[PDB]
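Just the one chain here, laid out as C-alpha cells, in the form deposited without the partner chain.
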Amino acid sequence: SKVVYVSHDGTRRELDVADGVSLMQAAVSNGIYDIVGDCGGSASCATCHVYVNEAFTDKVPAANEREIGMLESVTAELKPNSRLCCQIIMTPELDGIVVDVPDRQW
C-alpha cells in the first residue's frame, strides 16, 4: 500500500509499504533521512516523529501510553497530530496515508 512522506520543505516522497511494516521501518530503509528511528521501534525515543494528516489520524490505532510519554520529548514542535511513526503499522486501509516530517528529530 501507498504512503507519502512529505519532507519539511514540501517534497512528497511516495513508497509502497507492505502490510505489517511500520512507517518508521519503511522510511529508514528507503532513504527517508528526516526520520531516524534510533531505538528501533519500541517507542523508546522520539526520533521517528511525524505529523499524521488529519484524514488518517482516526484510522490509525491511538497512541499507547508509552508513545504518549515519549512524544512529550519531541524536539520539533509537538502538534495534536504528532505520532512516533514506528507505532503506525501499514495496512491496506491506510493506503494513501500522508505524514509530514519535521525539520529535526534530535
Second form
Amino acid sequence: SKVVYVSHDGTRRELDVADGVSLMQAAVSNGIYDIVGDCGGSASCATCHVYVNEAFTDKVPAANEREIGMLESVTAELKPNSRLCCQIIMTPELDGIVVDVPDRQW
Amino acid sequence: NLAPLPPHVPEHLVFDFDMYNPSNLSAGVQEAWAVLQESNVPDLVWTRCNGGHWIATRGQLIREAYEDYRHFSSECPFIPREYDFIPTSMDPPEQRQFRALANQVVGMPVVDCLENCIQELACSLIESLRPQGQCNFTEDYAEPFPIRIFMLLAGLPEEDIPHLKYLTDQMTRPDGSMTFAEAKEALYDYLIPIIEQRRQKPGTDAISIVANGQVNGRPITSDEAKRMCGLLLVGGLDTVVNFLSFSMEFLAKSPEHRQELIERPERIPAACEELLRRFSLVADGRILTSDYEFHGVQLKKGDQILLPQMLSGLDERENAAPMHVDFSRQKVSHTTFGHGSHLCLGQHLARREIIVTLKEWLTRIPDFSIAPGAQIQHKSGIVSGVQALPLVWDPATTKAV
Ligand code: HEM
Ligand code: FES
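Starting from the form deposited without the partner chain, produce the coordinates for the form solved in complex with the partner chain.
In what comes next, the whole complex appears, and the chain from above leads the way.
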C-alpha cells in the first residue's frame, strides 16, 4: 500500500507501506527526515506531526485523547487536519493517502 | 539488608527482589529477573532491598507508568536515591530542548549517513581477530566498536581511546580503584578543554554541534554541553557492550540460530529485534510526584518505582514462550529502549550497531563457541551485563571477504 509525503518545500516521496505499520515508522525507516518520530511512537513527543490530506481525513480512524493532548504541543501551525502520524496505521483503505509535512517538528 | 517495611505498604505485596543480587544469577540475568513473573507474583510489588521501592512486573504497567511523567517523574530515575546528565533526570517540557539537540548528532539522518563507516569499523575489528582463533568478545569487540564510533562522531583522536576506555570502565564497572564521582570528574576534565576549543573554533563533529547548539532561546552553556556529551558517551557504551555480549553469548550456544542467519542474511534485522526482546538489559525507574493510586495500589509521594524495561518483552502476555528466541516471531513486543518521552535517543544507532555486528561477524566467523572450561559471569543492576566472553573458533573455517 502507498503513502505520499509532500514536504513544506514541495518535495514528493512515495512509499510502499506494509499493512499495520505507522506512517511514522515508514517515514523514519526511509529517509523522510522532516518526520522525526523522536519518542518512537507512543504519541509522547509531537515530532511526527503531519497534515493529512483533506480527501483522506474522513477515512482515517479518529485521534484518541492522548494524541489530541500531544497535538496541543506541536510547534508548526496546528491545522484541523493535523495528526501525529505515529498514530495513523497503514491499511487497505489508506491506499494513496497524501500527508503534508510541516516545516518544523522541533 | 532490608529496609523496615513502611506503614502504607501491604504485607502480601512484599517480594524482596535485589536488583543488584538476584537469586538465580548463574542461570542467566533474564531468567533471574523472570522470577518477578511467576503466576503467583502480583503486578506491582514492594521490595525491601536497596532502601525500599516498588517494582512494576508486567509490560502493560511499565508502559502506562512510562507514559505518565506527571505522576512518575524522572527527577529520581535510579535506585537507590544515592550523576548529572541531562536529560535523564529531566521531564518535559525542558527535556524536549535537549532531545532536539541530541538528535542533531545521533538522529537517523546521521545514522543513515554513517552506515558505511560503521561497517568498515566492524570489518577491521573482525579482520584483526579472525586469524587468532580466539578473542574476548566484550573487550576485544563489544567495547572497541561503540568507542570507535563515538570517536568518529565527536571527531576525537584515536590515541585517546585507552584513556576513555579507562574513565568509562570506572564509571560503568569499577575495577575498584576510583570512585564513581571521581571517574565522572575526570571524564569532565577531558571534555572541558575540547568543548572550550570547539566553541571558539567550531568543526562539524558531534561536540561542536552540541557545544554551539541552542537550548531554550539561547546558546547552550559549556556546562550543559559537557553534561550532555558525557551522556552521549556513557549511555551508548555499556548498554551496547553488554548487549552485544549477551547476543554473541546466545549465538555461541545456538548453532541452528547461527545457521539460519548465515544461510539467510535477510532475517538479521528481524533477528536483532528478537535479540533485543530476549536480552533486554536495562532497569531504571521513576519517583512519584504525588500520592497516587495505580492498579489497586496506593503509592506515596517520594516512593520510587522500578520500571524494568527488560521485563515487558519477557512477559508471557506480550510474547508467547518469552524465554524462547524465535527470529520469525509474528509480533516482537518489547520496551528494550524504554518507552514514553525518554525512549532511548540511541535507538536508531543501536540497531545499526547490532545489525552490522551480526552481518559482518557471521560472514567471516560463522562458527565459534564459548572457550572450553569457561562459564560466563553475569552482573545485574541498572544495566545488566556480562563480565567477559571468551570465544574460540577454527581459523580454517573462517573467511576474508
Ligand atoms: C543495546 C543498546 C541500547 C539500549 C538497550 C538502550 C536503552 C536505553 C533506555 C531503556 C533508555 C531510557 C531510560 C529511561 O526511560 O529512563 C535509554 C536512554 C538513553 N540512551 Fe540508550 N540504549 C542503548 C543504546 C544507546 C546508544 C548507542 C546511545 C548513543 C549514545 C544511547 C543514548 C541514550 C541517551 C543519551 C539516553 C537518555 C535519553 C533520555 O532520557 O531522554 N543509548 N537507553
Ligand atoms: S513519534 Fe512521538 S508522538 Fe508520534
